[PDB]
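K.L.:
If you want the building blocks of each chain, they are given just below.
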Amino acid sequence: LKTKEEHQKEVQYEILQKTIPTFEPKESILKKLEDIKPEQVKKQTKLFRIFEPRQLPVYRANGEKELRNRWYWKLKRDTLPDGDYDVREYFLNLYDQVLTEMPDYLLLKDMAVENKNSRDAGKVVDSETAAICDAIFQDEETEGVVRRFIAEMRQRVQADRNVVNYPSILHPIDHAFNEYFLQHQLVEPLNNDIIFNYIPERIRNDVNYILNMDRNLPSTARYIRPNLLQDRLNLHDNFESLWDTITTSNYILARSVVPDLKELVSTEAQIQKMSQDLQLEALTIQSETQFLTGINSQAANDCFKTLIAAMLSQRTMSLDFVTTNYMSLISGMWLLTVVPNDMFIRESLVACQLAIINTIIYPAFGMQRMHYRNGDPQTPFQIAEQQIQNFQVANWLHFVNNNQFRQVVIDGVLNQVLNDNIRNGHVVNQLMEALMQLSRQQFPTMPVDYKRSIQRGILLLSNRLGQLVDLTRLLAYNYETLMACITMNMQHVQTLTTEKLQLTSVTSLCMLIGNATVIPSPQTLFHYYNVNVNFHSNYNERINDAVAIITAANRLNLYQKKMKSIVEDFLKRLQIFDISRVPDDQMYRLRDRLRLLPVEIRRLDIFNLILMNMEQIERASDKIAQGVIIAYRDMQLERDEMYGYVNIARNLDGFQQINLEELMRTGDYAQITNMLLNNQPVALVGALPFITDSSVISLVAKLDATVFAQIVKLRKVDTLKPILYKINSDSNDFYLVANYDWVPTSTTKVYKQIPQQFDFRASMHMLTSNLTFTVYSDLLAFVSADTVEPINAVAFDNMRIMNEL
Amino acid sequence: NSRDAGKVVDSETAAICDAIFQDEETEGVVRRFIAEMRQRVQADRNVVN
Amino acid sequence: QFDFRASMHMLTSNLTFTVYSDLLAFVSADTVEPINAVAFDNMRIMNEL
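Residue numbers (PDB author numbering), protein chains in the order written: chain A, 83 to 887; chain B, 199 to 247; chain C, 839 to 887.
Source of the hints: derived by calculation from the structure; they are not laboratory data. Keep in mind that a hint or two might mislead.
Heads up, simulated SDA-like pairs for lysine to any residue below, C-alpha to C-alpha not over 20 angstroms straight-line [as the list claims (entries may be wrong)]:
{"hint": "1", "chain 1": "A", "residue 1": "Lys100", "chain 2": "C", "residue 2": "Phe855"}
{"hint": "2", "chain 1": "A", "residue 1": "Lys798", "chain 2": "B", "residue 2": "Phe231"}
{"hint": "3", "chain 1": "A", "residue 1": "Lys91", "chain 2": "C", "residue 2": "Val865"}
{"hint": "4", "chain 1": "A", "residue 1": "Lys784", "chain 2": "A", "residue 2": "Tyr817"}
{"hint": "5", "chain 1": "A", "residue 1": "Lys644", "chain 2": "B", "residue 2": "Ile218"}
{"hint": "6", "chain 1": "A", "residue 1": "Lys795", "chain 2": "B", "residue 2": "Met235"}
{"hint": "7", "chain 1": "A", "residue 1": "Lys355", "chain 2": "A", "residue 2": "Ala381"}
{"hint": "8", "chain 1": "A", "residue 1": "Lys84", "chain 2": "C", "residue 2": "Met884"}
{"hint": "9", "chain 1": "A", "residue 1": "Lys834", "chain 2": "A", "residue 2": "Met757"}
{"hint": "10", "chain 1": "A", "residue 1": "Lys533", "chain 2": "C", "residue 2": "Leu861"}
{"hint": "11", "chain 1": "A", "residue 1": "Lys108", "chain 2": "A", "residue 2": "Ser662"}
{"hint": "12", "chain 1": "B", "residue 1": "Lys205", "chain 2": "A", "residue 2": "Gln738"}
{"hint": "13", "chain 1": "A", "residue 1": "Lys582", "chain 2": "C", "residue 2": "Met884"}
{"hint": "14", "chain 1": "A", "residue 1": "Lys533", "chain 2": "C", "residue 2": "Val876"}
{"hint": "15", "chain 1": "A", "residue 1": "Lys646", "chain 2": "A", "residue 2": "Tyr670"}
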């Protein structure tokens with residue numbers, strides 16, 4: 083029947099597991115935490131430039147080409163898209179690019195090309211900075227006050243005060259961009275008082291671990307501080323499936339750190355003695371050879387690691403036992419008096435507390451069997467704490483009812499700490515007195531054969547007093563000295579899946595321990611710290627990057643952008659989750675809580691520096707124009723200095739504006755067809771391309787007004803391309819404008835701008851940075867740590883742990 | 199064809215949304231109504247519309 | 839007739855369930871040692887010699 087009950091059991095446990103985002107090989111997560119690199123230091127090799135100077139031909143008032151050319155600020159890489167939604171999506175891809183290009187520290191001495199025109203030794207700050215300077219000197223059009231200056235300009239390096247300034251030639255948009263990487267550094271000075279503070283206070287004030295600093299740090303040593311603040315997304319109150327991963331992933335790491343026991347009692351001498359005191363053959367017992375199956379040397383090290391690592395990461399822990407086997411139930415009395423009661427799941431704490439009372443305690447004192455109802459607020463150790471009439475047993479039942487974790491805030495973080503009576507090991511001196519008097523009780527109805535074997539199974543634990551006080555002084559010290567290096571917050575809720583603890587193998591710990599104390603090694607204790615800081619600083623550097631995109635997509639008015647794709651990329655870079663098992667209920671709570679957080683200070687001043695200049699980069703591009711204006715009347719072409727005769731628009735004043743972005747979303751073409759079927763003046767607003775046709779006969783034939791009929795025939799607006807007349811001297815058929823008596827006119831014109839000229843006095847400035855840094859990555863490679871000899875290891879009081887020697 | 203990338207509830211519902219949008223005789227009031235057709239997800243109480 | 843703006847409806851339901859077909863696969867029961875098996879009166883059954 084067991085193949086039918088188990089394949090029905092294992093098909094319901096699979097439905098729950100497909101909503102938990104942990105990995106199905108459990109021990110695979112340990113590689114995924116120990117490989118998280120802290121950060122990347124980024125030194126910029128070259129300056130950040132958007133604009134560049136160029137030469138463009140300049141024409142006269144009438145169409146004659148002039149010899150002297152002028153320097154304009156036309157930008158490089160003018161690959162701007164088409165349409166106002168595709169333009170505002172391009173600037174998000176610029177802001178997402180600058181955040182990875184942004185340096186933490188920017189030195190300036192290693193980026194300096196010499197100025198080949200200076201009288202003395204002159205140096206400029208980039209290769210492009212020297213490239214503009216030699217183009218201005220040899221060109222004769224510049225004033226002599228500019229030509230004498232670029233030879234007389236000179237840097238000032240000071241190696242004593244560790245500063246240096248260098249000249250530059252930059253656009254004002256790049257000047258505001260390069261200053262922000264240069265004024266707001268990330269590096270902070272480092273000395274021996276910071277490494278002595280980066281170590282935790284509970285290990286620095288410990289007696290066993292001696293900590294000395296044996297390396298000299300220079301005066302110019304900098305470091306980057308880890309961002310360790312608590313979780314602004316409270317992932318433990320309503321995310322009942324996303325917290326089970328973080329609790330599992332912090333439990334597998336803490337099993338690889340806690341040391342394994344050494345020098346145990348020999349397992350062939352204990353079982354051969356334990357089988358003599360119980361006398362299992364003479365009883366009426368079905369499981370004769372099954373009482374002593376779990377006593378092992380490989381299963382005592384498991385319940386020492388399971389009991390600590392499910393206590394450092396607040397992981398629930400069920401019980402697995404057989405209520406027939408009373409020896410695995412007496413060793414369940416020690417588990418409850420030490421491990422706090424809120425750790426176990428309630429249905430497995432009640433099922434263990436009921437089996438202890440209804441088999442061992444209440445048959446001893448001669449009371450009735452405890453009728454217990456499962457829908458009760460009182461655990462069975464709280465009901466029999468009053469109905470029992472002893473004092474040794476009614477005082478042990480009062481401690482096990484009232485041991486939990488007492489929350490306290492040490493050095494910034496909250497951590498669940500045990501009470502003072504368990505860390506002292508003194509409680510087992512009370513459990514010995516509650517278990518010795520229960521061994522003298524006559525079991526007034528039990529058969530004499532079964533009573534005499536449950537009185538000698540008790541005296542196998544009451545006679546082990548000196549080496550069981552010496553256990554819980556060590557079990558509460560390994561947890562206490564590993565809790566010091568916990569950077570994340572130690573919150574406590576009930577998880578969904580539980581790590582099963584077997585009470586058969588807790589029996590293998592209480593009577594196989596010896597007088598050999600083990601403490602965590604200082605190289606182990608400094609590695610469990612550096613994994614926890616590298617994961618907690620990575621958890622706060624993805625929240626700040628997922629908020630700064632979700633917010634910046636909402637300021638730019640980007641509809642049809644799936645915000646769920648950003649949360650899946652936030653959960654992916656947190657290297658312990660997978661995405662294919664997260665429920666869709668908790669992906670819309672994670673988007674609800676990520677919008678309410680404020681954006682980080684250094685990721686906001688970059689976005690405010692783009693949104694202020696988003697219209698200056700869009701208008702300065704070629705191959706794009708910000709709308710066409712139809713007039714349906716004659717208007718003369720104004721003359722320009724870089725296009726000759728041109729139809730440009732300086733403002734959309736007086737004319738009714740129709741947004742071509744909104745006209746594409748809705749599809750309502752009832753107005754713009756009615757404006758075009760009649761002859762009514764209108765102004766289309768958008769980001770359109772254009773064709774630049776210099777033909778004079780293309781103006782007499784009036785080819786400008788014929789391109790708008792495609793809007794009426796077919797409902798698409800993407801195929802709009804107005805013409806832009808550029809009548810120069812180089813355009814043939816120019817003799818009509820010169821010789822004949824007529825002014826050039828066009829029905830429509832186009833909205834466009836003229837690029838900013840090159841002024842020398844506003845394009846140069848001096849950039850001031852430092853001379854030499856040294857950025858160190860890890861800090862606990864300077865502290866050289868050694869432990870004391872393990873025999874002389876002392877607890878929080880100076881009496882030593884494991885004092886049976 | 200919506201203002202933002204929404205989700206209608208059936209494949210037959212989206213088939214008679216595209217059949218009226220791509221006609222040449224559908225008036226602009228109905229063609230403006232299909233663009234304003236998206237879903238609303240609430241995560242406090244787990245309901246969608 | 840078919841009018842588009844008056845024939846739509848805003849259908850609603852939950853986001854996520856997780857249904858379970860067998861409930862007694864979650865609990866796991868065992869029995870107290872059969873010498874100490876207790877009848878409706880609190881003395882045991884089969885106690886005599």
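K.L.:
For every hint, state whether the structure bears it out.
P.N.:
Checked hints:
The straight-line distance between the Cα atoms of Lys100 of chain A and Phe855 of chain C is roughly 12 angstroms, inside the 20 angstroms bound, and the hint therefore holds. Simply put, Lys798 of chain A and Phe231 of chain B have alpha-carbon atoms about 18 angstroms apart, close enough for the 20 angstroms limit, and the pair holds. Annotation: proposed proximity of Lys91 of chain A to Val865 of chain C holds, straight-line Cα distance about 10 angstroms (limit 20 angstroms). Restraint check for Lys784 of chain A and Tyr817 of chain A: satisfied, since their Cα atoms lie roughly 18 angstroms apart, inside the 20 angstroms limit.
With a C-alpha separation of about 26 angstroms, the suggested pair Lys644 of chain A and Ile218 of chain B falls outside the 20 angstroms cut-off, and the hint is violated. Among the hinted pairs, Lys795 of chain A with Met235 of chain B is inconsistent with the structure: their alpha-carbon atoms are about 26 angstroms apart, more than 20 angstroms. For the given pair, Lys355 of chain A sits about 19 angstroms from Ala381 of chain A by alpha-carbon distance, which is consistent with the 20 angstroms threshold. Under the criterion of a C-alpha separation no larger than 20 angstroms, the hint pairing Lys84 of chain A with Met884 of chain C is inconsistent with the structure, at around 30 angstroms.
For the suggested pair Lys834 of chain A and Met757 of chain A, the alpha carbons sit about 23 angstroms apart, so the restraint of at most 20 angstroms is broken. Our distance criterion of 20 angstroms between C-alpha atoms is broken by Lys533 of chain A and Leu861 of chain C, whose separation comes to about 38 angstroms. At most 20 angstroms may separate the alpha-carbon atoms for a hinted pair to count; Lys108 of chain A and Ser662 of chain A meet this at roughly 17 angstroms. At most 20 angstroms may separate the alpha-carbon atoms for a hinted pair to count; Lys205 of chain B and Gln738 of chain A exceed this at roughly 35 angstroms.
A C-alpha spacing of about 36 angstroms is found between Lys582 of chain A and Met884 of chain C, which places the hinted pair above 20 angstroms, so the restraint is violated. For the proposed pair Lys533 of chain A and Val876 of chain C, the alpha carbon gap of about 17 angstroms is at most 20 angstroms, so the pair holds. A hinted pair counts as satisfied when its Cα atoms are at most 20 angstroms apart, and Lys646 of chain A with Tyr670 of chain A qualifies at roughly 8 angstroms.
In summary, the structure is inconsistent with hints 5, 6, 8, 9, 10, 12, 13 from the numbered list given earlier, while agreeing with the others.
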